[PDB]
Amino acid sequence: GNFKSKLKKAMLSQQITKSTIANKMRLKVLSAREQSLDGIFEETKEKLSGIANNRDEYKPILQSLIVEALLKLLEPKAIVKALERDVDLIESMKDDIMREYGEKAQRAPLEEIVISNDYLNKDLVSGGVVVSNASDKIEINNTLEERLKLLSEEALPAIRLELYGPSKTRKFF
Amino acid sequence: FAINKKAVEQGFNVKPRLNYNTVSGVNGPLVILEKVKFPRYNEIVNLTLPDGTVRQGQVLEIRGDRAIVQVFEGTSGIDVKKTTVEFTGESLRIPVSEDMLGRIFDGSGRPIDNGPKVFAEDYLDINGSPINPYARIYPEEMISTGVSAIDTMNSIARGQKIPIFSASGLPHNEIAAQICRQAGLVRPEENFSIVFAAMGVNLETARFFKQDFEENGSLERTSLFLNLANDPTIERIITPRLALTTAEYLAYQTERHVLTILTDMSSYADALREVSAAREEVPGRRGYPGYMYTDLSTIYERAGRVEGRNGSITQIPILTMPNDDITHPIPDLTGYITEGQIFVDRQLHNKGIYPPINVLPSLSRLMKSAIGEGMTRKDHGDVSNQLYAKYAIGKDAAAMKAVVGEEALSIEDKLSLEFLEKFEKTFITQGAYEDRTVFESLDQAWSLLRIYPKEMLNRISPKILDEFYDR
Amino acid sequence: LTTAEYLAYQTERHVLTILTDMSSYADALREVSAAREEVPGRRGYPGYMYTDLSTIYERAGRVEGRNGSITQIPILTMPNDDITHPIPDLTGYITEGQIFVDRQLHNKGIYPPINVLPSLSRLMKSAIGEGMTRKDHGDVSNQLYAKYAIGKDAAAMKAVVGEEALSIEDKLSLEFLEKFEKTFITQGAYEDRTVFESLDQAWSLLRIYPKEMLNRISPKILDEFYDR
Amino acid sequence: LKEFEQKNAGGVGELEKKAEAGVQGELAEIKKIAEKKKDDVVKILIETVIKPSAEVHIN
Amino acid sequence: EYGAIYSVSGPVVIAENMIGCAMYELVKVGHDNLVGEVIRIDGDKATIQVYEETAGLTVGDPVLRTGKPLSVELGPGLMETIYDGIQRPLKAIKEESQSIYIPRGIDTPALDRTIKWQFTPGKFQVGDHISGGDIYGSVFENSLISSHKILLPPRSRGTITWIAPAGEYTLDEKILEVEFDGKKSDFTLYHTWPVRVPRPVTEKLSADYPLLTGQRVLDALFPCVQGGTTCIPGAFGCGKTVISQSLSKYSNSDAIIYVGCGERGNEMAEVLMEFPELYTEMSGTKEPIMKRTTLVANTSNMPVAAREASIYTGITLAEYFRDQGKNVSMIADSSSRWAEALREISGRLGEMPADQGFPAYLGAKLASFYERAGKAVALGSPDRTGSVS
Amino acid sequence: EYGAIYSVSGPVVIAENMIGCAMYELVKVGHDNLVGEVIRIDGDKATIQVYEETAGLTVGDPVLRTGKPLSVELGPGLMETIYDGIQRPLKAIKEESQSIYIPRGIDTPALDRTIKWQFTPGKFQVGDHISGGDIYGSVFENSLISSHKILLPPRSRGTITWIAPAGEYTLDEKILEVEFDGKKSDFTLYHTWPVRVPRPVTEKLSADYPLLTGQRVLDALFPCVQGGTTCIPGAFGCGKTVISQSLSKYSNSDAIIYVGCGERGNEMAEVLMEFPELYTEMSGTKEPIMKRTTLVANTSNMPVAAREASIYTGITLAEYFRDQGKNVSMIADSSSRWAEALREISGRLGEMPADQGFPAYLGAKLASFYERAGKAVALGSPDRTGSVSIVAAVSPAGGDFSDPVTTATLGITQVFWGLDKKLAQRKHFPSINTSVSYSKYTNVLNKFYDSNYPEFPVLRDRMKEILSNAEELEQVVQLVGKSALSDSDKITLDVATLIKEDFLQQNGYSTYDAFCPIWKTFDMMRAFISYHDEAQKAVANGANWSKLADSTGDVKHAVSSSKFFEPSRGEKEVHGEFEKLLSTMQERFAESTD
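Chains as they are written, first to last, in this note's numbering: chain F, 1 to 173; chain W, 1 to 471; chain E, 1 to 228; chain Y, 1 to 59; chain C, 1 to 389; chain U, 1 to 594.
Just so you know, not all the hints are guaranteed correct.
Unchecked claim - Covered stretches of chain W, as calculated for chain U (at least 3 residues, CB under 8 Å):
id, segment
1, 79-89
2, 270-277
3, 314-323
4, 347-357
5, 402-412
Unchecked claim - In silico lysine-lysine, DSBU-like type, Cα no more than 35 Å apart, as pairs:
id, chain 1, residue 1, chain 2, residue 2
6, F, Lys8, U, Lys464
7, F, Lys28, F, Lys59
8, W, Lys5, Y, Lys18
Treat the hints as calculated values from the structure; they're not laboratory data.
Beta carbons are placed, not taken as given, at the ideal position from N, Cα and C, and that holds for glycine.
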C-alpha cells in the first residue's frame with residue numbers, strides 16, 4: 001500500500017506536468033496567431049495613413065463620409081471638425097454636401113455648415129471627420145482610425161473564415 | 001456551407017456609432033439622458049467619466065426621446081456636465097468558438113486567464129430561444145460521476161436535471177470540484193466535456209477553484225466563468241445564461257456531451273431581487289418578485305436532448321437553504337421545474353462522514369430509464385432498493401436501542417444495525433480524492449449485502465440473488 | 001430632560017427622573033407621521049424613531065466636571081405582552097438593563113409580580129463586590145438564576161411527562177422554587193430589605209442543597225457561608 | 001520505487017522539448033500561410049473600409 | 001391608426017395613434033411582427049402585453065391591429081396534429097424552419113391551405129334561410145372519423161345565394177355565399193371563434209349515460225357520467241397514466257382531447273412519441289390512436305400567455321367537437337401549473353392577491369370554466385347532440 | 001460654487017443652482033459652514049447628506065462645494081488616539097472647547113501639526129524613478145511601533161528630484177521633490193485617501209498561522225486564522241467585552257482597532273478609561289496597550305450618517321496600516337445598528353425596501369465592505385506582506401431567522417460562531433451552540449498543525465463526534481428517563497458533562513480560566529481522550545461501570561482539577577504535570593480494569 005501510494009504521487013506529478021505543458025503550448029499558439037493578426041492590422045493602418053496623406057482620392061471619400069454623418073445627424077444646424085490641412089477642401093465641398101443632403105434627405109438642403117478653430121491631432125489623427133450638431137452635445141465620429149478599430153473586432157468571424165477557410169466538427173452550421 | 005454568405009456580408013459591413021453628452025441627472029444606481037435618437041431597448045452603453053476612466057452599462061427603459069441606463073460598476077462620483085457615452089447600436093453579445101476549452105473568463109465573460117483574446121469564431125446573442133417540445137426526446141444511459149453514494153443509489157440519465165440542496169455550514173463546493181475531477185462517461189473523453197460557473201464566491205474560494213481545476217489536469221475538458229462577491233450585482237445575472245449559450249453551442253453544433261453546475265441559485269435570486277427594485281415594483285411574497293418561476297424556468301429549460309443530434313446537455317445546480325428548511329419560495333418552486341432532489345445532512349457532517357450526504361429524502365425522478373443493462377449490470381437496479389430498505393430498517397433499529405432495551409432487538413434488528421454502521425462508515429464515506437467506478441461500488445454493496453442470510457433479502461429475482469450471493 | 005440637565009449639571013445635585021409612558025410617545029410620533037406621507041417601517045412606524053429614542057436617552061450618567069448625576073427610569077407598557085414589538089425591541093437595543101413584570105404572578109397574588117428570567121441588568125459588575133458589598137453577591141445571583149431556571153424547566157417537563165423521569169434534584173429544585181417565590185420575591189409595601197438580610201435569606205434557601213450541585217459557587221465562598 | 005521515480009528526473013525536459021517541437025511546423029506555417037494570404041485579406045479590408053455606407057435608417 | 005411604438009418597458013409596451021381598437025385585440029407589433037395584445041386604452045395611448053422577448057426594440061416602429069380579440073380556427077385538419085397553447089403548428093413550424101429552436105417572429109397559419117379536401121354540399125338551395133350552427137355539408141377526413149361535418153358559425157342569418165357543388169377544395173376557396181341584407185356575407189371551408197365567451201348551444205340536457213373505460217374497479221364502483229366532472233390527485237409516481245392510456249383506447253367518446261398545461265417536457269416527449277403507438281380494434285386492429293385525438297402541449301419556455309390560454313383553447317375545441325355531433329371527453333395535465341401562471345401574470349400586472357398569493361379571480365374563473373361541461377343539444381338542422389366531460 | 005438652499009427636511013436638504021458636481025463630494029453649507037455630501041442630483045437641485053444638526057437654517061443660504069469625495073488623513077500621530085466616525089479628534093476638540101459639548105462647524109485637523117518627528121531618509125537616491133507603494137524613509141512614532149514607514153500614495157509616479165534630510169520635522173513641509181511632468185510633485189509627511197474605494201495591492205495569498213484567543217472552545221474547536229473574519233453574537237452575559245480584551249492582550253496583532261456605533265455611552269466611557277488600566281501583556285510589561293490601539297467610538301446620538309461611515313473609516317485605517325506589512329484586527333460594536341442606520345437612511349431618501357425594512361443592496365454593500373479583509377503581499381519595491389483580520393459583533397433582534405442580515409453574513413463569511421440561549425439561561429457562559437457554529441479553515445490548517453500537534457485534528461474530531469452523540473441520545477433519554485441502558489451510555493453522559501463543564505465553562509477573569517495556550521489545550525484533549533477510551537475498552541468485557549468508577553475512584557475528578565494548572569508557569573512544569581497525570585491515568589486504568 002505504501003508503494004502504491006508513492007507510485008500514485010509520482011503519476012500525479014507526471015500528469016500535473018503534462019497539464020501545465022499542454023496548457024502552455026496552446027497559449028503560445030494563440031499568442032502567435034494573435035501576432036500574425038497584429039501584423040496584418042498594423043499594415044492596414046499604415047495603408048490608411050498613406051492613403052489619407054494624398055488629397056486626390058481623399059476628397060471624394062471625405063465628402064461621402066461627411067454626407068453619411070449628415071444622414072446620421074438629420075438636423076440643419078451642425079458643426080464640423082477636421083484637420084486644418086483640408087479646411088479649404090471642406091469649404092469647397094460645402095455646397096455639394098448641402099445639396100446632396102437635401103437630395104438624400106426628404107427635407108430641404110442643409111442650411112449652414114460651420115467649422116470652428118479646432119483641428120484634430122495630425123499626429124494621432126490621420127484622416128477623418130467628426131460631426132456635432134449645433135447644440136454641440138451629440139457627436140458623430142467618422143474618422144478612419146476608429147473606423148478600422150471597430151471593423152477589426154466586428155469582422156473577426158468572416159476574417160477567420162478567410163484566414164483558415166472552413167472549419168470542422170461544426171457540422172450543423 | 002451557406003451561412004458563410006451571411007458571415008462574410010456582416011463581417012464586411014461596418015457602421016459607426018453615436019456619442020452623447022446629454023446627461024439630465026443621476027439618481028441612485030441609474031442615470032437619465034434626455035435627447036436620444038431611435039434608442040434600442042436593453043442594449044449596452046460605454047460611459048466615460050471626466051477623468052479618463054470608462055465603465056459599461058445597459059439601457060433599462062426608454063421613453064419618447066428619453067432613456068434610462070444602469071451602470072454595471074455603479075454611479076460613483078461621476079459628473080453631469082462633462083460626461084459622454086456611446087451606444088454599440090446593438091444588444092449584448094458573446095464571442096464564440098470551439099476553443100474556450102482550457103480558458104477562464106470573468107463575470108462579463110472577458111478572459112482573465114492572461115491568455116490571448118478568445119478570437120471569436122462567431123458572435124451570438126446572450127440569451128437563446130425556446131426549443132420545440134416536438135423536437136426533444138427523453139434521456140437514458142446514466143452518466144458516471146465516480147461517487148458511489150450518488151451513482152449507486154441515485155443515478156442520473158444523460159439530461160435529467162437534479163438540484164442539490166445545502167445549508168450555510170455545509171461544504172458543497174468541494175463536492176462540485178471533486179465531481180468535476182471525477183466527472184466522466186461510463187465505459188461499456190469521446191465527446192464529453194464540462195463548463196463551470198460560480199457566483200459570489202470567496203476570494204480564497206476562487207483561488208482554490210482555479211488551482212485545483214488546473215493541477216487536476218482536467219482543465220482541457222472544462223471552461224470556467226467566475227463571479228466574485230465584490231463583483232457588481234448586475235453582472236451576476238449575466239453569467240448563467242452565458243454559460244448556457246456556450247453549452248448549447250457546443251452540444252448542438254459539436255455533439256458534445258456536456259454538464260454544468262451553477263454554484264448557488266440563492267445568490268442569483270438575491271441579485272435578481274436587487275433588480276426591479278430600481279423600478280417601482282413591490283415584490284411578491286416574502287419580498288420576492290413573482291416572475292422568478294418563469295425566469296428560473298427560462299434558465300433551467302435549455303437543458304435537454306435533441307433527436308436530430310447527439311448532443312447531451314445536463315444541468316446540476318446547487319441551492320442553499322436560508323432558514324434550514326423547505327419553505328422558502330426558491331426551493332419550493334424549484335421542486336416543480338426540477339426532477340428529483342439531493343439532500344446533504346448537517347448532522348452527518350457533525351458525524352464527520354465525508355460527504356455529509358443522506359439519501360432518505362433524496363431520489364432520482366427518472367433513474368429508471370438509466371439503470372437497465374447495456375449500460376450497467378442488471379442487479380444495479382434492485383440492489384439499490386434492497387439497500388435502501390435495509391438502511392431504513394437500520395435507522396429504526398438505532399431508534400430501537402433504549403426504547404425497550406438494547407438487548408431486546410431481534411436477530412434481524414441486530415443484523416440491520418451492524419449493517420447500518422458498517423455501510424454508513426465504509427460505503428458512504430468517500431475520500432477527498434477517492435474515486436470509485438460504479439462496478440467496484442456495487443461489489444462493495446454485494447459484500448455488505450451478504451451480511452444477511454440469503455433469505456432476508458426478499459426483494460430480488462431468485463436468479464440474481466443466486467448469482468451475486470455466491471461469488 | 002432640559003430641566004434635569006439644568007439642575008444636575010449646574011447645581012451639582014443628584015437627581016432621578018421618572019417617565020410614565022413611552023407608549024403614548026410612540027403613539028404621538030406615529031400620529032404625526034401620516035398626515036404627511038412617509039414610507040412606514042415595521043407596523044406603520046417611521047423607521048427613524050430610533051434616533052429620537054437615542055435623543056431622549058442621551059441625557060443620563062455622570063461627568064467629571066459636575067458632581068450631580070442623572071438616572072432615567074422610563075415605565076414602558078407592552079401593547080400585547082411582547083418584546084419583539086417595535087417599541088420594546090428598539091428600547092432594548094439602546095437602553096440599559098430592563099425590569100420585567102408578568103401577569104401570571106399577579107394573578108397568583110404575588111407582589112411584585114416580577115419575571116426574573118427576561119429581566120436583566122446589563123451593568124452590574126462594576127458597582128458590586130468588595131469595597132461596598134460582599135463578593136458572594138455575584139455567585140449568589142448566578143446560582144439563583146441557574147436553579148430558578150432549572151426548577152422552571154423541571155416543572156414544565158413534568159407538566160407533559162409526569163413523575164417518570166424526575167431526578168431527586170428535579171423535585172428538590174421545584175420545592176426550592178415554590179419557597180423562593182413564596183418568601184423571597186414577596187415583600188410588604190412598607191418593608192425595605194438591605195442587601196445583607198437579603199443575602200442571608202438567599203443562603204438560607206440555598207443550604208437545602210449539597211456542596212456539589214452548587215457549582216456556580218467558588219470553593220472558597222462555597223465553604224465560607226455554607227454553614228454559620 | 002526510486003527507480004520508477006528517477007525515470008522522469010531528466011525525461012521531463014526531453015518530453016517538454018518533444019511537445020515543443022511537436023508544435024513548431026504548423027506553428028510557423030501559421031505565419032507563413034498568413035503572409036501568403038495577406039494581400040487578399042488586407043486589400044479586401046481596405047476596400048470595405050473605403051466604400052460608403054449611406055443609409056437613412058429605414059425605421 | 002397603425003401608429004408606432006411610443007415607449008417600451010420590459011414586457012410592457014405603449015403605442016400611439018391607436019384608435020378603433022378594443023382593449024382585447026392582437027397586434028403584429030414591430031418589424032418582427034410579434035404577437036402582442038392590448039390591455040388598457042387611455043386617450044390615444046394604450047398598454048400592450050407582449051408574449052415574446054421584448055429586447056432590442058426601438059421607438060418608431062410599425063404596429064398593426066388585428067381587429068379582433070384572441071380567437072382560434074376550426075375546420076378540416078384538426079385531427080392527428082400537435083399544437084401550442086396558442087395554436088402553433090409545431091410540426092410545420094419545425095419542418096419549414098429545419099431548426100431546433102422556436103424562431104422568434106415566426107408566422108404559420110393554424111391549418112394548412114395546401115391540402116385539398118372533398119366536400120359534399122348539404123341540402124339547402126338558393127333562397128332558403130340558414131342559421132348559426134346549421135349543417136350544409138360534410139368532408140371525409142380519416143378512416144376513424146366518418147367525415148368532418150361542415151357547420152355554420154353562430155350569429156349567422158340570411159339566405160344562401162351561391163353554393164360550391166361537390167368536388168375537391170382547399171380551406172381558402174369561398175364555397176358559400178349568403179345574405180342577411182345582401183351578398184356581402186360569404187364563408188369558406190373553415191372559420192374561427194374567440195376564446196373567452198363559450199361557444200353557445202341550443203339547449204342542455206341532464207347527463208345520465210355511463211362512461212366507458214374498460215376498467216373493473218373504476219367503471220364498476222365509482223364511475224362518472226358522460227357529461228360529468230372528475231378530479232384526481234397528482235404525484236404521478238402512483239401511475240395515473242393508466243387511466244389516460246386506457247381511455248385513449250377505451251372510451252364511449254369518439255373524440256378525446258388532452259391539454260398540456262406545461263412541464264419539463266421529458267414527460268411530454270415520452271407521451272408524444274408513445275401515443276401514436278397504441279392499438280384499438282374497430283373493424284380490425286387500428287394503431288393510430290392519434291386519429292381519435294388532437295394534442296396541445298406546453299412547457300415553461302413558451303410564454304405565460306400560452307401556458308394560460310391552453311386550457312381555454314382545449315375546452316373551446318371540445319365544445320366545437322361536441323356541437324359537431326359527437327361525445328367528447330377532454331383530459332387535463334395539471335391545473336396547479338396553470339394556477340401558478342395565473343398568479344404570476346396577475347403579479348406582473350400588479351394585482352392584489354385574495355390570499356395565499358392568489359387573486360380573487362381563481363374562484364369565479366374556475367367555476368365558469370367548469371360550467372362549460374356536460375351534455376346538451378346544439379344548433380343544427382339534424383338536431384343531433386353531444387356531451388363534454 | 002455658491003448655491004442657495006431651496007428645501008430642508010430634517011437630515012436632508014435640497015439646494016438650487018448646482019451644476020457640474022459629483023454625487024459623492026464634500027460640501028460646505030449654511031452660514032455656520034456645516035459638512036454635507038451630495039447624494040442624488042438632477043438638473044440643478046441637489047440632494048445632500050448632512051452630517052450634523054439642522055436648526056434655524058433658511059433658504060438662500062450660501063452653499064460651498066468642495067470637488068472631492070470623503071477621505072481620511074493618513075500618516076503619524078494616528079495611534080493611541082480617539083476620533084468620531086468622521087475622523088475628528090475627540091480629545092483635541094474637548095480640550096480646545098474647555099466645555100462638555102461639541103460646537104457646530106469645528107474643524108480640528110485629523111492629524112495634529114503641533115508635534116514634530118525625527119525623520120530618516122530611506123535608500124532612494126535623488127534622480128531615481130519612483131512609484132506608489134515604495135517606501136522612501138521612515139519616522140519614529142512610538143516604541144512599540146517605532147520606524148513608522150513613509151510611503152508614496154498610489155496614483156503617484158515620477159522621478160525623485162530631491163530628498164529632504166534627516167532630523168526633527170513636523171507636517172506641512174514638502175519633503176520629496178518628484179517630477180512626473182513638472183516639479184508639481186510636492187508631498188509632506190501625511191496624505192489622504194477616499195474612504196469608499198479600497199486601496200490596491202500586488203496580489204492576495206492563502207491563509208495559515210491560526211489566530212489565538214486564549215479561550216478553549218474557539219481556538220480548539222472552530223479554528224480562527226488571521227486574514228479572516230467571523231460573526232460573534234453579544235449576549236452581555238457571555239463575556240461581551242472579555243473576548244475583545246483577550247484578543248487585544250493575547251492576539252499577536254501589530255495594531256488593534258475597535259469602533260463604536262451603538263455605544264450606549266456607559267460602555268463607551270468605561271471601555272475608554274479602562275483601556276488606560278489595561279497593560280500590554282507582550283514582550284515585557286508596557287503599561288499602555290493603547291500604543292497598539294486606536295478607537296472610533298460613536299454613540300447613537302450622533303447623526304446617522306456618522307454611524308454609517310464609521311466602519312468605512314475604520315477599515316480604511318486598517319488597510320493603511322497593513323500596507324506596511326503588519327497584522328491588524330477589527331472589532332465592531334454592533335452590525336445590527338449599522339444596518340438599522342442604513343435602512344433609516346434609505347427610507348428617508350424615499351425608496352421602498354424589499355426585506356421588511358432593508359433595501360435590497362444591503363447584501364452587496366456588506367459583501368463589498370467585508371471583502372477588504374484577508375492576507376496580501378504589499379505593493380511596491382519594499383515588498384511588504386500585510387494581513388487584515390476582523391470580526392463582526394452581530395447583535396440579534398431577539399431572533400435568529402427573523403433578521404436577513406444573519407443570512408447575508410452567513411452567506412459570505414467562512415467562520416461563524418453561533419449561540420445557545422439556554423447556556424445563557426443556565427449562566428453557562430461561555431455560551432456557544434456547538435451544533436450550529438462552523439469553521440471551514442480546519443481543512444487547510446492541517447498543513448500547519450502537523451508541524452506542532454500532528455495528532456490534534458483526529459482527536460478533536462472524535463471528541464466532537466462524542467459530543468454530538470450525547471446531544472442526540474439526550475432527546476431519547478429525556479422522554480423516557482433512565483431505563484435499560486449500557487455502561488457506555490453513562491460513559492457518554494459523564495464524559496460529555498465533564499467536557500462541557502470544563503471546556504464550555506471558564507471564568508472570564510482568572511489566571512487559569514480566562515486564557516489558555518495551544519499546548520495546554522492539547523494536553524486537556526489528550527487526557528480526556530485517554531480517559532474515555534480506556535474506560536470504554538475496559539467495559540468492553542464486563543466491568544460494570546459502577547464498580548469501574550469506584551475502582552478508578554476519582555480519576556474524573558483527578559483530571560477535573562487540571563484546569564487549575566496555571567499556564568505560563570514554564571510550559572514544562574505544566575507539561576510535566578500533565579505527563580504525570582497521563583501516566584497515572586493509564587496505569588490506573590490498566591490495573592483497576594483487572
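We went through each hint and held it up to the structure:
Interface restraint, the segment 79-89 of chain W with chain U: holds (4 residues with C-beta to C-beta distance below 8 Å; minimum three). With 4 residues bearing a CB less than 8 Å from a CB of chain U, the segment 270-277 of chain W meets the requirement of three and the coverage assertion stands. Against chain U, the segment 314-323 of chain W contributes 3 residues with a C-beta closer than 8 Å to a partner C-beta. That satisfies the three-residue criterion, and the hint holds. Evaluation of the coverage hint for the segment 347-357 of chain W: fulfilled, as 4 residues show C-beta separations to chain U shorter than 8 Å, against a requirement of three.
Coverage of the segment 402-412 of chain W by chain U holds [criterion: at least 3 residues with CB-CB distance below 8 Å; count 7]. Annotation: proposed proximity of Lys8/F to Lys464/U holds, straight-line Cα distance about 32 Å (limit 35 Å). Taking the CA atoms of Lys28/F and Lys59/F, the gap is near 44 Å; set against the 35 Å cutoff, the hint is violated. With a C-alpha separation of about 41 Å, the suggested pairing of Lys5/W with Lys18/Y is violated against the 35 Å cut-off.
Figure legend: structure checked against the earlier numbered hints; hints not met, in rising order: 7 and 8.
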